[PDB]
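Peer 1: Use these hints to put chains U and C with the ligands onto chain V, whose structure you have.
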Amino acid sequence: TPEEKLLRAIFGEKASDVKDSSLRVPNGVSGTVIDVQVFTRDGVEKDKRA
Amino acid sequence: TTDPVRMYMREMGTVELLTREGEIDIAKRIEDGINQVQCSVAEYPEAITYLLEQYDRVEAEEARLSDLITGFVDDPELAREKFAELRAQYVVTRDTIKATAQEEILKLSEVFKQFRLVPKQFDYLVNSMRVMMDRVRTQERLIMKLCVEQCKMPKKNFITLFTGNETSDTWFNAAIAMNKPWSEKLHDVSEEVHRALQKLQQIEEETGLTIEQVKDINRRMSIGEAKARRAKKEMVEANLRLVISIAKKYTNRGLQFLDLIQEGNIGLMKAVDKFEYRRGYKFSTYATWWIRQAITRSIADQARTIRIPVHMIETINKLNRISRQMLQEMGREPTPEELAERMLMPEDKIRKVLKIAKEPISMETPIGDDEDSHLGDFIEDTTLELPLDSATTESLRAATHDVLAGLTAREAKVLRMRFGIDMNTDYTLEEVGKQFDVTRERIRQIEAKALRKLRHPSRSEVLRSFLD
Amino acid sequence: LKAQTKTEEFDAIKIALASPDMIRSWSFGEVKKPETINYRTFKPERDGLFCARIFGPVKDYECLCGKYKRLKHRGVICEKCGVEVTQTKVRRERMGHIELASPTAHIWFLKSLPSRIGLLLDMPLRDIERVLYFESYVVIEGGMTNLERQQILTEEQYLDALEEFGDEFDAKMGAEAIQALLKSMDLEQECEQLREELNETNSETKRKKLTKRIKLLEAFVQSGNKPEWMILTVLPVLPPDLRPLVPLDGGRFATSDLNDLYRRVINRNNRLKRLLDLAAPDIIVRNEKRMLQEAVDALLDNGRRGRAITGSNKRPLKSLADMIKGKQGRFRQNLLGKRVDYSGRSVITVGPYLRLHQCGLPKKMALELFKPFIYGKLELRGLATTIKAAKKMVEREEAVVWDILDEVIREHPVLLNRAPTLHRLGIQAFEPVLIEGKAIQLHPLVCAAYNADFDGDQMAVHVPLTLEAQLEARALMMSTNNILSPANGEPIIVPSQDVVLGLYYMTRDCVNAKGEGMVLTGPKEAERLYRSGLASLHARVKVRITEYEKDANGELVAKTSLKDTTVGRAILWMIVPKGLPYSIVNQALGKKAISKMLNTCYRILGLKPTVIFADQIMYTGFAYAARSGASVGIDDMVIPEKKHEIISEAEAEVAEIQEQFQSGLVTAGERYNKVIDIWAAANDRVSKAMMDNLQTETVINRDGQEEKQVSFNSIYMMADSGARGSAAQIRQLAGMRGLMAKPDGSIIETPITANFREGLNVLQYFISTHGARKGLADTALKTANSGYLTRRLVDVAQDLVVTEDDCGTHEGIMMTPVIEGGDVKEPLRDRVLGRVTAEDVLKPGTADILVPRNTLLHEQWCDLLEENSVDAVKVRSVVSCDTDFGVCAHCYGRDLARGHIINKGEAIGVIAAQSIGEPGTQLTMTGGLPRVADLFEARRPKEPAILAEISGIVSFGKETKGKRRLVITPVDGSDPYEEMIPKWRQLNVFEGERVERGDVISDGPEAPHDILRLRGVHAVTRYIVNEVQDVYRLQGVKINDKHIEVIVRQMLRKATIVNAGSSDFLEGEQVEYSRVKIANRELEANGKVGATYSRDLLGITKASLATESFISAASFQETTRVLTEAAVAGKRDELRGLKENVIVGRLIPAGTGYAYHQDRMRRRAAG
Ligand SMILES: [Mg+2]
Ligand SMILES: [Mg+2]
Ligand SMILES: [Zn+2]
Ligand SMILES: [Zn+2]
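Chains as they are written, first to last, in full-length UniProt numbering: chain V, 896 to 945; chain U, 94 to 167, 213 to 236, 243 to 612; chain C, 8 to 932, 1135 to 1376.
Please note that a few of the clues may not be correct.
Claimed, not checked - List of simulated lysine-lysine pairs, BS3-like, C-alpha gap at most 25 angstroms:
1) U:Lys393 to C:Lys66
2) U:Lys499 to C:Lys66
3) U:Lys251 to V:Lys909
4) C:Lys370 to C:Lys332
5) C:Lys179 to V:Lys914
6) U:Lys493 to V:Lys941
7) U:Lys499 to V:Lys941
8) U:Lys299 to U:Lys324
9) U:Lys371 to U:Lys426
10) U:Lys557 to V:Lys900
11) C:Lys66 to V:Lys914
12) U:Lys289 to U:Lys329
13) U:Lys377 to C:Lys179
14) U:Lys502 to C:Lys321
15) U:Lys377 to C:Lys280
As the list claims (entries may be wrong) - Partial selection, computed: residues in chain U whose CB lies under 7 angstroms from chain V:
16) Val337
17) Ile511
18) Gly512
19) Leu540
20) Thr544
21) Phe563
22) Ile565
Just so you know, the hints here were simulated from the structure itself, not pulled from any lab data. For each residue, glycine too, the CB sits at the ideal point set by N, CA and C.
Pulled out of the complex, with its shape left as it was, chain V reads as follows:
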């Protein structure tokens, strides 16, 4: 909207075409990461970590 558009103009941030869906720790539960698994569809390239 206009005032948001002014906001980006003043603080000069390029508003991305992508939205943040990242999985984040629920509020208040806190622990140590003991494992990670990556399941991938057959045919998509496994990323570095995977």
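Peer 2: For chains U and C with the ligands alone, kept in the frame of chain V given last:
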């Protein structure tokens, strides 16, 4: 007993099955019925002249060869020369009414009966006749009610010198001198009846037929038309059992039984219209294709909550089949790319096709605990706006409006201008330059310094908290 | 002055039939296609069940085609696809319609139990269905020929009848015929016709059924509805977003069942439209019409036919009637009941440090709850630039916010609730106290009111947002404002268990202990003696005390004396404020005395002193109890030394009786009962042996030789004090426990000879199992019985609220002590306390006005009556209150959590119903809880007695015809009464006596219908309260008789006319209406006459059935029937009740809202 399946099975069970000969009985009647109306249609002069007026529009590139004829009884060339024959037979028959005409008016019909017209055009003729005949009846009822009901004259003597005329004045002004009790009463309405006769006798000019002939033709036509439907209806009733036997195949495909047999019944209706017993095809084995055509064409079309094109369905069906041999053959079941090779197409479309193919799940599907907790109760609104945002929106105006009164009256005007702030749309910087009479680069410069003026803090400390 | 047009704040509601043109008014377009969404681009297909043209934009303020995407553009209809760009919200509002080819019947007016269309036409249902399925032809407007207007013909018969008469007679079939009938029907002409026939033929069989129809018809006439509208031309379609197609994860879709239904009706409708232009044969278009009729029915209410099932899923698709309907009535208002923001919950714990007005609230819970407040307070002082920065701060949890939260928390009550909310104390307001940790801390004294044990029960918290909600919580729902049960005036904040063992162990005395005999100046130096270890808590001591008495006129006298007491009671005196005497604390202070202590403190000094008092009692109770070091060891449970000997002697008796049965001296049945009695008697012996030994056997010495007092043994102190345990439960620990009962209920003739201090062997435990499981089952079921009962109760009362001040009637009921067969099962003082006098009461002598006319009888007044010998008092009751549509404050009583007379506007019906229902858990499975329900259901017993119908001499007439007639003969009045009574039932009635009307003409129970009819209103209400109160009091449950009286008043709300002049003679109707109406004739219009009525007795569940508001009835009754039966009459709901105002979501026309509704209700019928 309710359950419309039962009251149908029993309403049709009354109609008795046709004998192998009996099928032909009704069918002969059909031909007879239609041929009567065809002959009844051939006898209309305006019906001829209209086709003439229509073909001159075809040769004038005002229509296409497909929008008038479907071909006759016996090509652009062939079409051109056949119409000339019609035009030829018309102009002889036309001038001979000096009685003896009868012999030639019979021939004008013959050429006209070879033409099988596109159904739409045919209907307009039929429409035009009855519309023209309503036009006659309108005038017929006016002259009677203004005489019989208003001026109090009996219909017994009103029809005596009528038969044969109902146009000229023998009945209107010459029946008033018979000195009957109802005779002298006819003078009062004269102005109103005789002026409306214009359209009545004009019909005999347009149609070129006296009000005498005008009734007979489309009356016989009505009889034939009526006759046709009678026979056709009769035929359909005999074959309902067939539709049921065919529709019993398609039950759970996702449409109701009675949904099926009704769509199938229509298929049976189509079959009667196009059937010819002269081809020696048993009517039983001929309609099956039409009924079956109707069932599937409907099931494909309307049986889904998300309607999908036909080829998509057929695409889908092949896939189930393939999974079958390969199901036990591969011992578990084929991989998402296995049937892909089996199928012609790009094979990654399997995934795309597989998505739209799923049927939506009932939002009332009871989930866990059975506690009337239902799936739909768990579907959150994503189009809503949480108040913690809407609150910051009401605030962001107050933020930006304040910082804009902290600037020069022109910087606020210029910045509210470059953006949509409290104004419909925003303005290209060229438009803004013209508004100020001081234009172009000048304005572009001021904007820069403005953003620069709110970048450093004192100003900057309040608006920064908006970013995350 | 101009009326209005746009949205004002509406009052009342109206319901009626919908015209086809009326349906078109709502409709913004015709749904012409079964299509939903495009199948690729998921956009709605124009024009189908989901349509931007008919209904609304998919996304906010944006055209569908995309030509107008700008937020400025609003009233703009896109030229490409007409879509006025406006919020997507309108896709939830705008309706639509469908134009049906053929008319279609509305299943609700067809299939609700009294088929409305059937009896509107006075035509049978099965026939109408026969006409609808095209299974026969029906006549309409027969003319003068051969045939009735409503007569039905078959195919051939119609043909036969037609050859004779072609025209001037008309018959159709199917829906169009029924619609033609309804249209042709002239109600006015028919009404007149019906009026004559009532008078002409005189027969009860005839005019009974006859009169029912004419009133109904004219109701429909005056209503404004036209009969034709029961047949649907146009069908409205519900807004798309109320039956959404919304996507899910994995790209799959989910949708409401209505689409499948709506789609079907459309397809079939459309197919039928096609079949008309194709001139299909009759047999098909007929079949298509039936299929369309079935399809519409499946849409509206599925299940009145075959119950169509949704596509590919066995489960039947849910129709519109099932969306409203449910269990029970509406889901919206049914428990539960709508989810609510600003709430939470967690496990609860103690927190004795808390004052009674506050509660421990976890730090994080308070943070997430007050989140909007914190934002506003944070940006009020400028610690956060803006709300966004504030959000980040509490999300960052900067340390600075904690001080700000203590500000926003301070004066701001929170509501605490437990799971089975029964009485109003199930919700109470508290002041928040910030607590590290995730557990809720709850003031111990309240754990009784909540029935909240600590076994892991969880409580829910609610934040009172609006200012009015904060002040409602503080001045009504606050903890400190309810310390007294509204069920009975006794304090519900009574210290519970740990505290009373503290105070019991504190004020108690042994014979010889440190400090015995000495004397002290005052309690201050008494504690100084104890705390230093010089004096024992219990030792006999004289100390100087200063007590106070306000016995002057509102004024405190002081008195000092030497009281003979102990050290503990001396120490305890420090807490007792001012005007209480030392007598209250000079005793041993059991749990019973410690509540009546609190009661007196409240009834004397008021509220404020009582609250802080209660706090102090708890603090000192816990403290000294902790000092006491009370514990329980295995040697604390003392078995009688004589137990084994008692068992053997009783073991000898069975062998005596056994020898008698083998030798035939006694019968088998006689054996069972004999043995059971001696074993039972044995149990009492062991119980009362160990009780004597356990209680006093502590035998101790002071200076002299020996002496013995009440035991200081641990387990005894608990039971004597009232802390925990009872002689019954103790008996199971030390003495033998009971004789269990086999599932059959036949108590076993070999009891459980062991106890818990010893071991139970295999058989004894296995036999013990049944009692436990049936106990749990019974209670778990008794849980269910109670809930339903309170439900039935609140449904019949509810809307009852204190409205007027004084109805000004001298009328009331006579209050005497209950005197059940022995001595005083309940005194007079409890029965009359807090009520208001009907008339002044005299001494035993006269020319003495004790209590002057109507006066609240409080504690002094009841004692002044008790000083004197006063044996009987007449009291205004809610059953006698002259106020119509409510209770006059004087007729009810004072009772509340406050002692003052009941305020104007309190909703008493609910608190009455809640108070009766809540204790119901403790009743048994004649007797018990189902017995209570029979009373409230008015249910006639199986073999009732019969009462003299009229006074005068009676005799027997005719002879055993399976009934032998009884003839009563009044002296002056008419004789004619002879009732046929089966004579094989034992009579009582003296065959030769004059019987007062209402005497016992036989024995056995009596129907309360009689008592009302023959004996009178006061008699039956006295009967109910005393019988139902018998049940509760037998369990030790205190329920003031008031609450039961209000339920009773609701049972008899309706009455049946006798005389005439303006009303319906035989009509059952509200005595409220009648009484206000006969006042409208005694001086108004014609006297006319009249009319005399007869009060009727309705059971609670039947009386709740009749409710003026249909929205209320649609809640708890059968919804379909309510809406139909209401929709025909065009009934206009004025709200006014509670149930309905909750539904529509406005102020309850009671309590705080009562001022409002009152101010609005009067604005009405004015100008
Ligand atoms: Mg408890
Ligand atoms: Mg518990
Ligand atoms: Zn558009
Ligand atoms: Zn009263």
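Peer 1: With reference to the structure, classify each hint as holding or not holding.
Peer 2: Verification of the supplied hints:
1. For the hint pairing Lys393 (chain U) with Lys66 (chain C), the CA-to-CA distance comes to about 43 angstroms; that exceeds 25 angstroms, so the pair is violated.
2. Note on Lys499 (chain U) and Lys66 (chain C): the hinted pairing holds, with a Cα-Cα distance of about 24 angstroms set against a maximum of 25 angstroms.
3. Distance restraint check for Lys251 (chain U) and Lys909 (chain V): the Cα-Cα separation of roughly 86 angstroms exceeds the 25 angstroms cut-off, and the hinted pair is therefore not satisfied.
4. Taking the CA atoms of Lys370 (chain C) and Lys332 (chain C), the gap is near 43 angstroms; set against the 25 angstroms cutoff, the hint is violated.
5. Of the supplied pair hints, the one linking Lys179 (chain C) and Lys914 (chain V) is violated, its CA atoms being roughly 66 angstroms apart against a limit of 25 angstroms.
6. This hinted pair checks out: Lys493 (chain U) and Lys941 (chain V) have alpha carbons roughly 22 angstroms apart, not beyond 25 angstroms.
7. For a cut-off of 25 angstroms, the pair hint linking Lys499 (chain U) to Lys941 (chain V) stands: about 24 angstroms separates their Cα positions.
8. The suggested pairing of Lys299 (chain U) with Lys324 (chain U) holds, with an alpha-carbon distance near 13 angstroms, which does not exceed 25 angstroms.
9. Under the criterion of a C-alpha separation no larger than 25 angstroms, the hint pairing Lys371 (chain U) with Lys426 (chain U) is consistent with the structure, at around 23 angstroms.
10. Of the supplied pair hints, the one linking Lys557 (chain U) and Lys900 (chain V) holds, its CA atoms being roughly 16 angstroms apart against a limit of 25 angstroms.
11. Between the alpha carbons of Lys66 (chain C) and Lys914 (chain V) the distance comes to roughly 19 angstroms, so the proposed pair stays at or under 25 angstroms and holds.
12. Between the alpha carbons of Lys289 (chain U) and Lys329 (chain U) the distance comes to roughly 14 angstroms, so the proposed pair stays at or under 25 angstroms and holds.
13. A threshold of 25 angstroms between alpha carbons decides the hint, and for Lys377 (chain U) with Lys179 (chain C) the separation of about 22 angstroms falls inside it, so the pair holds.
14. Between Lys502 (chain U) and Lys321 (chain C) the alpha-carbon distance is near 17 angstroms, which keeps this suggested pair within the 25 angstroms criterion.
15. Between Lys377 (chain U) and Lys280 (chain C) the CA atoms are separated by roughly 18 angstroms; this keeps the pair inside 25 angstroms, and the hint holds.
16. Violation of the interface hint for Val337 (chain U) is found here, the shortest Cβ-Cβ separation to chain V being roughly 75 angstroms, above the 7 angstroms cut-off.
17. A least Cβ separation of about 23 angstroms between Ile511 (chain U) and chain V goes past the 7 angstroms threshold, and the interface hint is therefore violated.
18. Against a cut-off of 7 angstroms between C-beta atoms, the interface hint on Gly512 (chain U) is violated, since the closest Cβ of chain V lies about 22 angstroms away.
19. The closest approach between the C-beta of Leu540 (chain U) and any C-beta of chain V is roughly 5 angstroms, which is under the 7 angstroms cut-off, so the hint is satisfied.
20. A hinted interface residue such as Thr544 (chain U) counts as satisfied when its beta carbon comes closer than 7 angstroms to some beta carbon of chain V; here the least separation is about 5 angstroms, so the hint holds.
21. With its C-beta approaching chain V no nearer than about 5 angstroms, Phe563 (chain U) sits inside the 7 angstroms limit, and its interface hint holds.
22. Interface hint status for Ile565 (chain U): upheld, as the beta-carbon distance to the closest one in chain V is roughly 4 angstroms, under 7 angstroms.
Checked against the numbered hints above, the structure breaks hints 1, 3, 4, 5, 16, 17, 18 and satisfies the rest.
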